[PDB]
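Colleague: Next come the chains, spelled out residue by residue.
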Amino acid sequence: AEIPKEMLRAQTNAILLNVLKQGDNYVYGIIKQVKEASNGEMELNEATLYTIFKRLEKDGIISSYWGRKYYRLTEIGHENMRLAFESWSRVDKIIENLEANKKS
Amino acid sequence: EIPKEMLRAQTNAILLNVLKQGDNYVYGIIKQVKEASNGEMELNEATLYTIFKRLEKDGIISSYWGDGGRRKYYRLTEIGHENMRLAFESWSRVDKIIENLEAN
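Chain order of the listed sequences is A and B. All residue numbers for the first sequence refer to this note's numbering, where the first residue is 20 and numbers rise by one. All residue numbers for the second sequence refer to this note's numbering, where the first residue is 23 and numbers rise by one.
Per label pair, the in silico range of CB-to-CB distance:
{"id": "1", "chain 1": "B", "residue 1": "61", "chain 2": "A", "residue 2": "98", "range": "19 to 27 angstroms"}
{"id": "2", "chain 1": "A", "residue 1": "60", "chain 2": "B", "residue 2": "78", "range": "32 to 40 angstroms"}
{"id": "3", "chain 1": "B", "residue 1": "29", "chain 2": "A", "residue 2": "79", "range": "13 to 21 angstroms"}
{"id": "4", "chain 1": "A", "residue 1": "69", "chain 2": "B", "residue 2": "57", "range": "44 to 52 angstroms"}
{"id": "5", "chain 1": "B", "residue 1": "62", "chain 2": "A", "residue 2": "69", "range": "34 to 42 angstroms"}
{"id": "6", "chain 1": "A", "residue 1": "42", "chain 2": "B", "residue 2": "80", "range": "38 to 46 angstroms"}
{"id": "7", "chain 1": "A", "residue 1": "51", "chain 2": "B", "residue 2": "64", "range": "42 to 50 angstroms"}
{"id": "8", "chain 1": "A", "residue 1": "28", "chain 2": "B", "residue 2": "53", "range": "31 to 39 angstroms"}
Think of the hints as simulated: they come from the structure by calculation, not from any bench. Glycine included, every Cβ here is placed at the ideal spot set by N, Cα and C.
Next up, chain A with everything else stripped away, as it sits in the complex:
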């Protein structure tokens, strides 16, 4: 039927945060990086990126500075990405276990 918007938001947030984890960056450079990495699939909407960056700065997961407006990942952002990845690997294991128990 659809990919829920919450899940679209989550995918876009995940991608953007990994971009910033590689390095402080600015919007156009991120859109280029993601279009290139996506080999052209994903045209991010600049207004969408500005919106998400605004929410993240509000939540102190990223911060901004001038160079062109650059955005870098704060400590809260680094630790929260670590917790996200760890949590999700735990989830993937739970599901691997559900499969094994189903077979047994």
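Since the structure of chain A is already known, use the hints to place chain B on it.
Modeller: Chain B alone, transformed into the frame defined by chain A:
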């Protein structure tokens, strides 16, 4: 911290995979999830009813009576299987996008 949005998404993912393995009932789902999580993730009945009412409302699952007699079993609808498929697809696309971001 782990955002509440991310907790919700993970719990949804686990539940839908439980049902993908087979039609099941609330208490049986909670037992299976406790077993797969080796005791970490012990879900609350009221939580499952909250999530199942929304999922049923959105036509991703349906319910019917089984057996004891009058056990409420829940099944994954055709739409639910499709949404799980599109989700798994889009998320694998994203993970590839990100390997590519690094490669560059």
